[PDB]
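There is one chain below, alone, in structure tokens, taken in the form solved without the named molecule.
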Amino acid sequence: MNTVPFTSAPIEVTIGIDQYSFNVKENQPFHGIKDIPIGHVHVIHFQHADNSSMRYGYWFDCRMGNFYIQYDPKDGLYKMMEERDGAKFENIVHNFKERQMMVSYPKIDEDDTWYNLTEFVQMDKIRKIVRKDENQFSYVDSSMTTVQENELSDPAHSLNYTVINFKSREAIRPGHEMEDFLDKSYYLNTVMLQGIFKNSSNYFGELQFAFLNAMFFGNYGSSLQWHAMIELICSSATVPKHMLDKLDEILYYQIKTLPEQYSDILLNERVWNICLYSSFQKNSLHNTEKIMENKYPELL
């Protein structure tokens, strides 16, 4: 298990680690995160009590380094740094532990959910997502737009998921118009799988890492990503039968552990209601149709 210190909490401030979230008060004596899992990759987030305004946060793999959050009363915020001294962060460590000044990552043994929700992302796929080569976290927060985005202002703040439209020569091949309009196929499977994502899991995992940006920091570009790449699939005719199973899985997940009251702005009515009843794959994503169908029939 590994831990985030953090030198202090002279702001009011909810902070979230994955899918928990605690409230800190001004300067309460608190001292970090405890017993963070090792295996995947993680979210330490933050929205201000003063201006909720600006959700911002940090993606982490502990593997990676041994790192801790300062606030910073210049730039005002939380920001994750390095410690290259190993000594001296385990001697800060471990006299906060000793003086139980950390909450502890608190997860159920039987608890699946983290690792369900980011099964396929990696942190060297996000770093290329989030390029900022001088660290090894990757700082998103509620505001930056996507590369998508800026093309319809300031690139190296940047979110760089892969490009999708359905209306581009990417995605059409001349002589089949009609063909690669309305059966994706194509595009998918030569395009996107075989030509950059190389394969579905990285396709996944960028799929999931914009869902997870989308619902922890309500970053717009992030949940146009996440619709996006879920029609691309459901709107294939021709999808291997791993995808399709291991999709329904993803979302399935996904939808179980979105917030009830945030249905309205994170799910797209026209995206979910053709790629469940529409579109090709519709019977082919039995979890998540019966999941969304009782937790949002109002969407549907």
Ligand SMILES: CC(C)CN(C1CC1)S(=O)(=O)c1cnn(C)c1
Given for the second form:
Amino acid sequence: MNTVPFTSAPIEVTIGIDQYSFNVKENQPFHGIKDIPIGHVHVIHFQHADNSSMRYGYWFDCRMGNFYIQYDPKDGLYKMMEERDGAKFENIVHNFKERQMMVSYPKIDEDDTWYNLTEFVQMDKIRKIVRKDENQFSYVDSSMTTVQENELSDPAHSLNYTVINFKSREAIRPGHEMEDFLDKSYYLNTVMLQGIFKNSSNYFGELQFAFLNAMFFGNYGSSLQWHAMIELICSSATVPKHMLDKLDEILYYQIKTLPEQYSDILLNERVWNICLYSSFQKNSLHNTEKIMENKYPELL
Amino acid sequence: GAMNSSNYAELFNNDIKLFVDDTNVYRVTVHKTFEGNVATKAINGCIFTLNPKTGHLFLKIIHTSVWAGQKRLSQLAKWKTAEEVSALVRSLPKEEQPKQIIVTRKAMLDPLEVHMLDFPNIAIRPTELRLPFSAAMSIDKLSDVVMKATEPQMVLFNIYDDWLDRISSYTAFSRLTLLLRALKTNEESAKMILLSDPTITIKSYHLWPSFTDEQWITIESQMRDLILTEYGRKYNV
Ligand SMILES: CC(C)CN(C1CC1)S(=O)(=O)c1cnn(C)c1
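Counterpart to the form solved without the named molecule, namely the form solved in complex with the named molecule:
After this comes the whole thing, all chains and molecules, with the earlier chain placed first.
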């Protein structure tokens, strides 16, 4: 179990750690988060009390270094930084643990939610979507645009998700226009899985990371990406059975975790109705169809 | 984006554009089977691709053999239309390729866009106009070449005959749409108007009769009357 300590908490802020969140008051004596499960990526995120504009946060994996948070009063945000001096960092944390000024990552032992949401997510792939190679952790916020969004402006602050476009030459083989547009299996399996992602685990990883950035930061382009990757599978007549089974589990836990109140903006009616009711895979997503129908019957 | 009454003069500017109408591509007669079920029999069809500025009509004849052994024909017909329009564009010299293609039915947008990916600068547009191009098979010489075809075939016409020697393309398009609207609303009466007088003939190289300017005004009035008439017989007004 690992620890992300905080130098201080100078501004009132709602702090998130994965799917958990708690309120810290202005100059409350908060010095971080302990007992963070090893083995998973994590995201620690922030929404300032005074300006809910810009949710922002850091993806990290404690196996890759010792990270802490210091509020920067010049740039006005909580920054993640990596301490190289192991002994100095551990000693402070040791001592901080003694004065009990840390919140405990509150994992219920029965609960596999976070694992289920991050099953295929790997820091190494996050760091290729979010390019900032001098840090082991990745910053994301509400406003960051995707490469694809920019094609339709600051390249270094972009989310470099894999571009998916159903009406593109990449998606459509010359001479198979109708075939490839109505059955995207070529684009899914040859172009994307064999070609770009190499395997379904990397595809699901990017899909899950997109969803999580949409949910935690309201990042609209991430939501576009999450729906595109869903629609590409559902619109393919030929999908490995193990992918369909895993997809159903992935989406089930994403729908289960989504705040009920945010469904209006995070869920694309067209894509979901199409995927659950009209697409080739309309009958292959039993768990997701059941939770969507019991929880968001309005959308459909 | 969409073409409508507000940007109607754009049709006659000097940017090459084509209308594409697919309503006569897949055509059937519905009939009873021996067992009392219903079956369809395809008949020859055509893609109606028209430059509204010049009158040039690219009539691609769709022979019934293209449907043989195929499923979901109404959906295939949109993609076959798109394929043939794309092949037509590639066959044209660059300076003759359209800058816009306007489809008369919105269902053609994705099929044509996908077939035209190689031409990203050709704008594919819908229209809010209710154009009467389905009635093109009420033009006898067009109907005749479609029904007689025994193989896929492209036939080129000028749907304005020689009218552009005397009128503008705006006026010629208006005349065409009025004639086609009339033929669509009441083909028999429309054709009676057009041919009642045997002294006015159709030149072998034309589609419509050789009316003088004064006779065209009479004809055009008769066709309006007919449309308003039928609109009365229809609604009882
Ligand atoms: C929350 C604490 C872990 C933050 N520090 C960690 C050990 C690096 S610090 O020692 O107070 C510190 C703050 N700024 N600098 C340069 C060092």
